[PDB]
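Asks: The chain contents come next:
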Amino acid sequence: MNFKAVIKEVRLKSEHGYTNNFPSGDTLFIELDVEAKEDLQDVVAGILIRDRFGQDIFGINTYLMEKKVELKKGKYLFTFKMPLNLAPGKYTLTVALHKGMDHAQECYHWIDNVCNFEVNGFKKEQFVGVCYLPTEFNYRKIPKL
Amino acid sequence: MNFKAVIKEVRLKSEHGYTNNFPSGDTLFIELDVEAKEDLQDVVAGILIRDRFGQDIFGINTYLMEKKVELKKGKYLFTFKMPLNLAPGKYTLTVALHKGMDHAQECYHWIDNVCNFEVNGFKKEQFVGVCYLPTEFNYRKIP
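So the protein lines, in turn, are chains A and B.
Each residue of the first sequence is one higher than the last, beginning at 1 in my numbering.
Each residue of the second sequence is one higher than the last, beginning at 1001 in my numbering.
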């Protein structure tokens, strides 16, 4: 990677305090301290949550999200917000900054498994399986009309 | 397994029609036709979506949802509604009735892989990994 922009610190945040231990469904904030050695006109930041055994659980880009990011030389705060709709367990976070995405016109900075965090308990209902889909349920008697 | 209540049909429906092929993030409607030969108190319905590789992706029941279900003899319609925040791929659905239980030890009806469905497109953004967590992103210049 060239290092025109750099991730200097990552912080995991609930809506009430910093922590690396969340109930399932709690809102997760990923904060990245970014520094841009120069002016970059198309920056793309990505996050990737992984399993305790290396399975990709979820990853996304600001390009995939259709969010344009232009930086000037200086320090920045990048924040990702998302419901932690994941089964209890042990996880790792991976992050990256680059310009392009197809054939990666260049890589600015990426940190493999920069962080460990865990998910314990349920803030919403209990469920089984890797992920949680918010669900509603109803039933009606139907007459043989 | 005791048949005092029986699941007689399962249907998958998008918000536009019955179908077994959904884009990722589309809303999924699971309809179960239930029949109650008699009066059942303390009924519990569950669904389980599974990988094409045996991985449990997501499962829940009406007990875990704290929704009490009491039937009188007759026909019923059970519906489950949920965003299919799942990676593109091929999946199976499993559904069951049991009385007021977990593990479904008093099971009225259990149908393994009652339905096959696939997720093919992306209705929301693209993502990688098993599931999709809806994400928001912001950036601010700081001193």
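Check the hints yourself; a few may be wrong.
[What the hints assert, rightly or not] Sample of chain A residues with no beta-carbon within 12 Å of chain B, all distances over it, derived:
#, residue
1, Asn-85
2, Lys-99
3, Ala-104
4, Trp-110
5, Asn-116
[Claimed, not checked] No more than 16 Å apart at the CA atoms, straight line, and that leaves these computed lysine to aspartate or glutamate pairs for EDC-like:
#, chain 1, residue 1, chain 2, residue 2
6, A, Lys-141, B, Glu-1066
7, A, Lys-141, B, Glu-1106
8, A, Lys-99, A, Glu-31
[To be verified] Just a few of them, taken from the derived set where beta-carbon distance is under 8 Å, the chain A residues facing chain B:
#, residue
9, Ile-7
10, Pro-83
11, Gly-129
12, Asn-138
13, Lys-144
It is worth saying that the hints were derived from the structure and are not from the lab.
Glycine included, C-beta positions come from ideal geometry on N, C-alpha and C.
Asks: Look at each hint and say if it fits the structure.
Replies: These are the hints, each one checked on the structure:
1. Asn-85: 6 Å, violated
2. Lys-99: The claim holds: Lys-99/A sits with its nearest Cβ about 15 Å from chain B, beyond 12 Å.
3. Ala-104: Correct as stated: the minimum Cβ-Cβ distance to chain B is 15 Å, above 12 Å.
4. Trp-110: 14 Å, holds
5. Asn-116: Consistent with the label, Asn-116/A stays out of reach of chain B, its closest Cβ about 17 Å off (over 12 Å).
6. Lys-141/A x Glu-1066/B: Violated, at roughly 20 Å.
7. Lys-141/A x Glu-1106/B: Between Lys-141/A and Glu-1106/B the Cα gap is close to 23 Å, so the pair fails against 16 Å, i.e. violated.
8. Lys-99/A x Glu-31/A: Given pair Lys-99/A, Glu-31/A is violated - Cα atoms ~20 Å apart, limit 16 Å.
9. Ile-7: 13 Å, violated
10. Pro-83: Because about 6 Å separates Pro-83/A from the closest Cβ in chain B, which is inside the 8 Å limit, the hint holds.
11. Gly-129: With Cβ-Cβ at 4 Å, under 8 Å, it holds.
12. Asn-138: It holds, given that the least Cβ distance between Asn-138/A and chain B is near 5 Å, below 8 Å.
13. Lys-144: With Cβ-Cβ at 7 Å, under 8 Å, it holds.
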